[PDB]
Each structure stands twice: as C-alpha cells, then as structure tokens.
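> Listed below are the residues making up each chain.
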Amino acid sequence: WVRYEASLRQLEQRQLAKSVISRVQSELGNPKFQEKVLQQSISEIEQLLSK
Amino acid sequence: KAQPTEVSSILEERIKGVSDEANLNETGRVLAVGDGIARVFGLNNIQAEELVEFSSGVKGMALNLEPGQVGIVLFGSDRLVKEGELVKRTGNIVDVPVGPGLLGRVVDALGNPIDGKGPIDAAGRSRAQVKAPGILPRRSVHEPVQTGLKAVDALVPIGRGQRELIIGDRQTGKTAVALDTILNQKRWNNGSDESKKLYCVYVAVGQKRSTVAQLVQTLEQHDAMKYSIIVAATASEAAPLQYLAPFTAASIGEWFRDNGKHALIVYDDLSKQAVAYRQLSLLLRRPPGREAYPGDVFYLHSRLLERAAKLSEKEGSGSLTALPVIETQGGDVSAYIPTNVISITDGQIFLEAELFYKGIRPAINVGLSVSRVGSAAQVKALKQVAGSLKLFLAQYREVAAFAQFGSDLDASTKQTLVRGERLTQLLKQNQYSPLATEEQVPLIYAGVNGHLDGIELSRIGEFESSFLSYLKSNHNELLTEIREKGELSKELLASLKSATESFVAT
Amino acid sequence: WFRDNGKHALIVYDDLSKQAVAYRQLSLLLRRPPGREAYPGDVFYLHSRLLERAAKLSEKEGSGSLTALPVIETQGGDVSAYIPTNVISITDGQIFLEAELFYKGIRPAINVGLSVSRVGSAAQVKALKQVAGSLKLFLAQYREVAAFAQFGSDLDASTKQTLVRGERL
Amino acid sequence: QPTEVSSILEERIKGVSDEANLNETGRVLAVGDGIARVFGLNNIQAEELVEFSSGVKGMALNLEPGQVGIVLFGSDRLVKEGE
Amino acid sequence: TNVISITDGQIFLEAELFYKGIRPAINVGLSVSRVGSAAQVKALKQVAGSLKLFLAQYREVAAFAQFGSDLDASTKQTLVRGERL
Amino acid sequence: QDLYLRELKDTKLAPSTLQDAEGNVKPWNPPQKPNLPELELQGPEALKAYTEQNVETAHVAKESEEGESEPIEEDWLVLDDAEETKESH
Amino acid sequence: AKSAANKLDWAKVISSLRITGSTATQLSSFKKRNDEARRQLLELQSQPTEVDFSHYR
Amino acid sequence: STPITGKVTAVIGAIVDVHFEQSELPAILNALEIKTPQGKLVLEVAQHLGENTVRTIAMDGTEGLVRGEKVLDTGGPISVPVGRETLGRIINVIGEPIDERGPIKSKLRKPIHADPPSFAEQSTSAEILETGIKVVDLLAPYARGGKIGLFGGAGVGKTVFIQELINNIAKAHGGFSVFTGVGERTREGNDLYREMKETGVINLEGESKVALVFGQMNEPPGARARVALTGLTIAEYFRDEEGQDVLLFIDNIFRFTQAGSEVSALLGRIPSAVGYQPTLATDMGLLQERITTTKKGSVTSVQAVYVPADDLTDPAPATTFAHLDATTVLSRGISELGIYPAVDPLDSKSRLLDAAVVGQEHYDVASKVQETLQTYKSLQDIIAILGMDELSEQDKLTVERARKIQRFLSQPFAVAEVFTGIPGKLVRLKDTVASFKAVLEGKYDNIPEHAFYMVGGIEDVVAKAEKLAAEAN
Amino acid sequence: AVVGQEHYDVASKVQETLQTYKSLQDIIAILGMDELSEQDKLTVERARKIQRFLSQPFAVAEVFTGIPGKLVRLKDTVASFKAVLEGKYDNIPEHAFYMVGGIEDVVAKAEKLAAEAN
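Protein chains in written order, with the deposited numbering: chain A, 157 to 207; chain B, 4 to 509; chain C, 258 to 426; chain D, 6 to 88; chain E, 342 to 426; chain F, 4 to 92; chain G, 3 to 59; chain H, 6 to 478; chain I, 361 to 478.
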C-alpha cells in the first residue's frame, strides 16, 4: 500500500508537469505576452535603476 | 501535491528575485560546446574554478581560464546545450551541499539529490577542493578501528586515517569488500558511541545505475543507509560529473571529520575517476601525459587521498579514514594509476584473478596486501594479546609462499603448511557478514594450540560457526568481555582455552 | 561486375592488413585524428564496406556468387589488435593458419582448434562431412591428450590409439 | 558561412611594422627554460654563437623564418624579454 | 642502438658479470671489436689467439656445468679451463 | 512577476482542474479518478497477495509430533533395540 | 542457561565409553538442538510479532 | 515552417561539418537530413563547434556528399517509425522500410536518442519474470527490467530458439520482442530473415511477434553506433504504446561498444591507454541504462554474446556477464544429449535466493535442481573413470534422478513447426516449480526416463508416458 | 682501501655467492636442488642463509617486526659475514638468521629455536 502511495505521488507530479505543458502553451497562445511586455520593461527599468 | 505547488511558488519567487537582480549584462556567451566541455567567451571577471550556470540548465565547472576564452566543462548532457546560449556566472567556487542531514541520501555531482527524497539539510557548502591539514594540525593513528570482515584485517589493520588502497579485475567485487567494510558501521555506529562512530560515506564513481540500485538495496536491507551517504555518478552521467564526484566525497568527509567526530570514507572505483580526468583533459585542450593519461593524475589522486588524515586533539582528534579503491586490467599491480596511487595510499589489499575464482570469496592476497601501520592503530585484541598472532600471520603467509613444488624436507614445514592452510580456508569472512572483535585471535591461537587444526580442513567451514556460537551462548561472559574489555588477557586466554576445550568436545 | 551477372567468382583481397596500414598512413597524413592502434577508426568502416561486398545472390536477381580470399598478418598472433580483429570478425570465419605448424615443415598448416567456419555446413559437401565428423573428434582428442607427453606409458591404451589416430590424420 | 575566420596561426607579434635594423642585434621575444627565441639577426649563420646583453652567451640552433631561437647556455635568471 | 651501429664495437659490461665478482666486468661473449688483434701488439696476439677460443669453449660448457652433472673428458676439461682462465 | 504570476495562475487553476477540482482533464481523455482511485488501488494488492495480503490468510500454528503416548508397544521394542546397540559398546 | 542443558549430554558423551552406540539418542539430541536453533532463528531474524502502527500507517 | 538552412562545407571522412545560420543551428545530437540522389543522408549533430558551423557524424556512408549542399535540422533525434505496424520486418536504421516488403506506414514516428528514465520509479524490488523456459524458470533468481546473456554458441539452433522465445514471450506475457542486429552480416541477415519468415515470429502477412532492427556493417560507423539505440527506442515505444512487456535481444554488446569506439575515434578524441578513446563508456551507457522495468510491464533486454575465445580479458564482456543473473551452459554436446534447448541450469548460480527475495519454494526448487545436476557432473568424472559399477545406491538413485532431470529438461520448440510437427509446449511457474519439485520428489521416478525426453510439463507428460507404454506392445 | 681489504673480500665473496644463487635459481626451480652439484647445493644453501641474514631489526621498524631494533656494528658485521660464508655457523637455523643482530644474536636465536622448535 505504501509503495502504491509513493507511485501515485509521483504520478501526481508527472500529471502536474503534463498539465503545465498545456499551461505554458496557453501563455504563448493567449497574448498575455503583450501584458507581459510592459512588466518586463518595468522590471528591467527597476533593475537598471537599482545601482 | 499542494506542497509541490508551494515549492513551485517559492522557487519561482526566488527566480523572480534573481531576474530582478540579474546583474548580468556583460556575462559570457558560450562560444562552442562539446564532449561535456564548452568554450565560452566573455565572463571577463570569472573567478577560477567557479561553477557556471548555463541557459540549457546543465551547469559545469570552469577549469582553464585561458586568455579570453574561459573553458567551462559541461556537467551534464549536451543535447540540451548549444552554442551562443547565455552563460551565467554563479560567482562561487564549486561547493557541495554538505552536512549531517545527507544521511541515507544519494546525491549527484555537486550534491543534487537523485533518489527522489527531496531536500536534505546542510551544515555547510564548502568548495570541492579544500586544502588538507598540514603537519601541526595532523596527528598519528592513535585510535584503531575495525574493518568488519576479518578479511586479513587483524593482520593488516585499518586505523585512524589509514589511507588504504585496493585493486582488482572487472567484476572483482572489491566494491563488495567496500560494502562489507561499511556494514561494520552497524556494530559500533548503530549504538550511540561517537568514539566508536566511524560515519562512513561511500562513493559511486562511474557505475552502472543498476549496480547503484543493488548498492542502495543492500544498504537498506542490512540497515546500512542509516550511516552511509553514497554520492553517485552514473556511467550514463556526464564526464565532468564523474570527475568532480571524488571532490564531492572529499567535501562530505571534511564536513563530517572537521566537525571533530571520527569519520571514515571509501571512494568507489577510482579508475573511472581517472578515466573521467582523462576525458576532461584530453578533450578540452590539455596535452596528454604519461601512459596516455592526463599528466596530473597523481595530483588529482593525492588531492583526493591527501584530504584524508587523523587530526590531533588541537583539531578535535577526529579523523577521516579513507579506503580509496582503484581498478586495473588483469589485476595489474604494475600500472601508472595503480603504482602511482599505491605510493599515495598507505595501505594495499590486492585482489587477484585466480584466487577470485580459486579458493576464497574474499580472495585477498594476504602476502601481497599490506598496510603501513600494523602496530600503531591495530585492534588491541589482535595485537595487545595476539601480536604474536600477527607475527604468526606474517610467518604463515611466508610459509605458504614456499608451498608450491618443494619436497617434504621435514615435518615442521608440513605441519605449518596444513595448519596455515586450514587458517586460510577459515579466515574468509563471508560476504555481508561483519562480525569481528570477538574471536579474531582465536583462529591462530587455536591453530598453534592445536584446537581447530585437528579438525578437518573442509569441515572448518561449519566448525568455525559452531565454535563461534558456543562462545556466544556458552562463553558469553568471556566472549562479551573480549568484545568490550579491549584485550584477551592470559586469564581470558585460559577461559577461552576452556571454551575451546568445550568447542572441541561437543 | 562479375557477380550481378549471376555467375560465380572468387576475390582475393591478398593481405588486407597491409591495405589497412596504408589507410592508417593515409589518415595520419590527411590529419584525421588518430585513435586506437593509431589507425583512424574509419579503418573498420572501410574494411566492412569492402568485405560485405561479396555474397551469394538470391533467385530474385539471378543468384550471383562470389568468394573472398582476404589475408592478414598475425603480429605474434595479434589477437588484441584492431585490424586483425576486424579482419577476423568481418570474415564469416577465421582459418587462423598459425606459423608454428608451418614451421614443422608443413606447407598448408592450418590450426585444428582455431578454424571455425560458421556457415561451412551450408557450403559443405556431404560425402566429405561423413568422414570429417570423425576427423574433428580425432583432432580435438589429439589436442586434449597430447598434454600427458611425459606420462604416456601409463596412458590408456585407447588413448594411445586415439593419439595414433590424431598423428595419422 | 561566407568564408573562414581571419587566420589560423601566427609567427611574429610586436607592432613596429617598419624597416629592419636588427641585422646584428636581436630582440629576445621568447626566453625561458634554457631556450630563447630571438627577433633579429636577419641572415645569421646557423649554429652561430650569440651573446645576450645581460652577460650570458648562447648558440643559435633554431633559425625559424620569423624568429631565430638560440640556446641560453647558462643560468637563465639573467636573461629577460627585450634584452 | 645508434652508437652500437656507429661505434667501433663494445665491451658490453653486463651487470651479472660485475656481480659475479669479475671486476673489471667485460662479458667476453657479449663483447665485440671490429678492429681486433690486427690493432694489437702481437706479443698479446700469440696468447690471445688461444684465450679467445678458450673463453668461447667455456661459453659452450657454461650451460653443461649449470646443469651441475657429469660429462665426458672434453667437457670437464673445458669447464676447468674456462673457469681458470 | 507577470511571467511568474501568469505561470502560477495557469499552473494552479489548471492544477486545480487536474487535482484540486474533480474536473479530471479535458485535454486527456481518460480521467485518473475512474482509473487510479479504486482499480489501481487494487494495484497495491495486485503487486501484493490479492484478497490475501491485506487479509493475512488464517494459518493457526499446529501441534508438534510425538509418540502418540504409546508405551505399550514402543517402549519394549525401544528397550530391546537400545540393549542390542549396547552389545558393541 | 541452555549451556547446562546440553552440558549433561556432553559429559555423558565424554563418559559414553559404555554408552557409545546410541542409535536413537543422538537423533534425539539432534532434534533438541534443532529446536533450539529454530528458536534462536525465530528470535533473531523475525521482527517483533507486532505492528509499527505508531508511524507507518 | 522554418527549415533551418545549411551548407555542406566539410566532410572529414564520415564526420561532416555543416555551417548554418545564427539562432537556427540545431543543438547537439539533433538529427539532420540531406536528401541526395542516393535517397536521404541522415546526420546526427555531433558537436557544436561554433562559428554557426555544425560538425556531424552521418548515420550513412557520406560517399557522394557534395560541397554547397544545404542541410535541414529536423529538430530532434533520429526519426524512425514507431508502433506494432512496422514490427516484424527489416527496418532501416535510417527509418525507411529496409524490408523492401513495403514502406512502414507507421504514421507515428519516434526518436532514437532519449532521455534516461527515472530510476526513482523503477523496479528496485524488481518483479520476478517468467520466460517460458522452465529450466530458466526454476533455478534462476531473476528480476524484471534487467539483462541476461550467455549466447555462447554462435546461433547453432539459438536463432531457432530466438524466434521461438520471441513467439512465447509475445504470447504468454502479451508483449513484443526486439532482436536488434548491430553490425550483423548482410549474409547473416539474409539467413536470419529467411529463417524467421520460415519460423513465423514475423511474417510478410502473418502476425509478427519479433522486432528486426538491424544496423549492419553495410553502413557507416555512426550508423552502427546509433542503430542499437534506434532498436531500443522502437522496443520502448511498442512496450509503452501497448503496455506490452517486451523482452529485448541485442546483437552483441561488444559489437555496439566497438562501433561506438570507432565513431568516438572518428570524432577527434585521442587514443587512450590501450584501445579506448575519450568517451568509451557513455556509448553503451546511452541505451542500456535507460532499459528498465516500469509499471506498464518491463524492459529486461538480452545481449547475445559468443564468448570470444572464452577469455574474460575484455572489460565489456566482463560487465555483460556480470549483467546476467544465472548462466545457461549451452554446450554443443548437450544439444545432442537430449535437449533441443540445451539451456543448462548447471551454471544457475546466484545469491539472490533469499527467504524474502526469490521465494522459499522457488529457491528450494533451484537448490534441488542445481545440486542434482552438479552432483551428476561431479560423480561422472570419478565413477565413470572407475566404471559404471561405481554407482552406489545413493549414486545410482541420484544418477537416475539427474538423467530424469536432463531428459525432462527439453520442451517442444514453438518456432520448430517445420522440425517434427510438435505443437507448442512450455510451462508456467505454477506448473513449473511444483512439477519440478514433484518429479524430483520421485513422483514418476519409476517411469522410464525416455518419457522425459521431448516431454514438456506434467500437463502432457502423463499422456506421453501412457502413449509410450501403450501403443507399442 | 676504504673499509678494509678483508671487508672488500667479504663483500666480493658474498656478492659472488648471491649472484650464483640467482644464476642457478632457474635450474633450481626447473629441476630441483638435488639435480645440481653438491658444491652448487652447498653454495645455494649458504646463499639462502646469507640472504635470510640480510634483514635486521631497525629501531623504528619495531612497529612491523615487533623486535626492539638492532644496530649491527660494521666490523662485527663484516666478521660475521666472513664467518657465515666460511661456515663458522653454517649449521645454525635459517629462520634463526632473519631479524637478529650480529652472528652472536644469530647463535642466540639458533639456541632459542633449539629450545622452542625442537
């Protein structure tokens, strides 16, 4: 039973990773990269202004 | 796993902080990569021998800080890596996640856990190449230990910091000799005694991962993983990983012994480590040296072994005794790596090819094997009383040396031959059966006192077991004292003689 | 060009080992990186391609036949060598005509134990096989029994007849 | 890939890029471990004894096209680059 | 090899001879000299013409005496002559 | 970070669909709930002794063997045999 | 104190010069020793006749 | 689509150098395809040398490769069809149907170079696997997802046993079987292929059970280096695409390691101490470290080894013989001694038979069978030297039992439909261990041993004994 | 003229004997000690005794051999070796020639072996 539990736990992370692939595909497919570009610009501006 | 989600959030928060404080504008771009070595431009201010973090995910050490093109080997597969990917300077010399928590965990090159048990705590992450203690911070081998298997061990001890070495052919099970040696960290370590503690840390330098699984299972079943940290480097793993692995074991040994407790180590097959150094040198740009192997083979081997020592009470009187294991082809004692290492290590136990199929599961060449400290740091049972038994071991080995085709000059030589041959058929401590500091001297003492020698040679294979069990359940006080009193006194010798009479009787 | 016409033939790549050495020199001069035994590893590639050229064709294309007669140079029986090993393995056989038997005066002095033609039966002539079955055992027994050279008087009389048979064969 | 790189190897380094007045005197570009390269001596006789200004003599067994190398027959501590 | 191909010959003083007590240790059998007695004072030559052959014979009986057994008259005489020489 | 926050969202609400919500997965045809939770829960006993491992089959320890309390017949023959063995003592 | 239990039989064998030839007493001694050996094996090799329900569940 | 342009600039022997555009250069080991007049030349990205120049070692003979030829990066490992559709033919390591019996319309195409699997979810407590060979099903403490090879004799009836093992394992366990010939001779390949078309494990129309993925000598050294991985990936695909436990057979570990050494030399590495080069081990470590047992079945491959001169001075053969668990002494004489399979369980030595490891009954059967056989062998070389009269009562009984074990050891061969017509016969552990124990328990000891020859399990053993004793007198 | 004409002769004889033993070792192993000359056999026995006399107990090596170290006097050692080649103790025990001091300790060891070994 414990071994079955350990294997199912690994199956959980594997399935999470498999759905994470679709989640990543969503990020490119949705143009939230447009909503991400301004965030990238602001973060880089803050980083350069840090020092 | 909601905990996996929390771990993902924490790691991505760390990554967001890293991105916000990238501080990487002129950091290097990998110009080219191959054979686990990546030629990378830029990185204009990278401190030498500092890990470099690469975009493809696999990191690697930076060895040759050549004029301009700073050479960083890839500590991982190349199918991911590619030229031009950004190279991020980790800013730190290669350091290994080290500390007492790694117990029972199999860690990758720098210390990445590989079993699948998650994080293991750290009591310090020190660089993989530490400077060993010199003269004053060093000390003698004043505290002995047990090799577990009798394994010609009372003959040639393995004491505090005794840098012993081995040798053997392919599939010689010298690895098994190591494993049994480790298992002895259950009759002292599994108690509560730090002075008896010798917290072993095996290594896995370039072995088939199936053999790694076999080692892990044999560690768990006999309950060894409670006291052995087995750093792993797969054959499928990349060359820089295998090369750096012995340095990682050195780091773990420092993290343990430097704390002040007497610890031990046993490097895996180090011939694979040498082959890895060969790959690292002959593949990056460095011209080859003697025996077609890289020139600094001795340098690397020493920097591994020389880390092990037995510091003085000034440093806590702790020690990191080491049992580096080297491999040859055809049991070749005469080789560049073998002979050069045998100069570095202070003890040798030669495992042959014939005897490996001829007469002994141990098959340790007693005459060939030697250790540079027999008196100082030997089992006080095996010397303080049985020192004559040690000289008798040397004498009987010399006796069996001449036992090939000479005639029967007298009866003295023949008697020595028969008794010593019964002794040799006896002394092989069966695999994964470490049980020693209780009747070690008994074999030679009974042979000279004529207790076992009167038994048939073949029958000894069970006669010894019966004698041991009789000492256990019948001579329990005397046997337990020999375990604990630390010496087999003349009175204890007489009581053991009585127990020997009882064993001969029943 | 002969074989695909459907006919038979026999090629003799005489002393292919020297051809391999020539390839080794060609690689070294052409600056191809040296490898084991310092010949370019491509020696095996060229040798395999040159060796798998010949075989017996099927009735699909008319069934051409071709026999190879390559030779090598046993540098002290250079078994651990690269070129000799590739020459042996690539060949469907190893009639390792060691020098020692030639030195006993014998002009065609093959080695009894070493020669093992895997696909020989498929080319064997049955009538010869009828007798060679006993010849093989006689040779194996001669090899097995010539060990007791200095204790032959006490040797079994049947063993003596077996030795006589081995010597006669 | 339009072509190859700018080059493969080199023989000389220093950047005067002008006429050669080092026909009797030399420039010790590379010097060390008892072997020293010398720039100069345009037409020296092969295996001619040559004197380094610091005070150690030398014989010139190497006359490679760019620089000619001369053995430093003594303790090399006195020699230095550019001497 | 190059010297032995260019030099006049050799006095190949093998270590066994010097260990065998014969100091100096010219291993006569392993020695050689292309010039030879033609470049020698004949006073030496009259005795060396026999000395060389006697050493040669001793080389022929060294193995026989190495066996450490008896033989014919010529062999034993040769062994005694060679050892004495 | 937007690339971090968006990743967390798409990897959490979708992780909700996979695990934290009993919505199985639309991208993957067979739900693991109808696959793992009960049938593969017998996979643990499929590797174990089925209906026998968790059960631990009843096997009461039996009695050892003895002479059936038989001194009418075994005792006299035993005595004669032991005396016969004593004839070569 | 299992030493004494076989001590009497060991002494008897030491004095069995009149008792030598025991056809079916050495077999009984073997049975008694086998019982002790299996008992020690059950004691040592087998874990507790219990369940580590404190944490394992 | 973005076909990354190339330029065939330097073909240094087999190793080739192709320069491409910035940001389009394929990563290391990504397969590259050039389709010359001689079909398609496959390149595996060998090294990234910079300068937007990719050096590759082609998986085909680069003869006829021209300067200025543009190379496209297929963006992954070697492309090859996958599924049970192509299973049972000659499939070029290049991928296309080398069988010439029609292109493998395996719409799914699977790579070659693969990531090593997760050792964490593997079989540490590996499952004992029944092969169908009772002799190897009784005295061999085994495991799932591992390896075993003792091929010994060079296919003297073993390739006949090979297709038979393929059929049996594909039948009982419901899986596939992969017999991959790396550097297997085109003549040897022709013989094996005609033999298998006659043997049924794979048929031009009938149902196939075995995988013939051969990378022969007839191609470049890189092809020999990567064809074995092509076969292993094909086997893993068919196993995981049907949950089918597939046993794998390998041509020669020595063959693959030597080919990898050849290629590694070709790359540019320096020679090592003896006959190696800078990357000897990782070659075979590429495939064999990724063939292990999963929940969907197992991957317990087999490596065919003919012990070259029976000498253990080759490190690869030593590690391979260490890979196997018990040894089947396939002596040629034994093949004629009464066993068509002749798999001697005499050399079935292993310490894995523990009270909690190999099962008490199975290990006891192992001990009894091996001890009987070894005692027969030991008493032979002494008693038969003395004479047949030297048979003691114990010796005569043990010799009768041992000869019973040897005669019974054979089983009818399933792929021997042409041999004598014997229908398919094997055992199973439930029949196997118990029947071995019972036949060793004197159950039919009185019955003559001639019944044991050509006799499978107790299922038809009794029927055969009755048939022999009845319809003759 | 360095350590004495007698010392030079003693060393020369000792080296000649040991070289004889090494030279005859091949025939000794191949055939046996009996198959050669009794003069050769005598020289071989004396040489074996001499080689077994070559070792000595060193003051710090007492870790290995266990005996307190012995420093053999140069003149005493030369005399002992001249005697041993000359057969002034050729009947002493071989095992009583290893790990002792001068020939005096050799004779003491021979007497001890006469007491113990018997």
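FYI, nobody ran anything at the bench for these hints, they're computed from the structure.
All residues carry an ideal CB built from backbone N, CA and C; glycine is no exception.
A portion of the hints provided could be inaccurate.
[Stated by the list, open to error] Under 7 Å between C-beta atoms, here's a sample of chain I residues computed to sit facing chain B:
no.	residue
1	424
2	426
3	438
> Looking back at the hints listed earlier, which ones does the structure fail to meet?
Going through the list in order, the structure violates hint 3 alone and respects the others.
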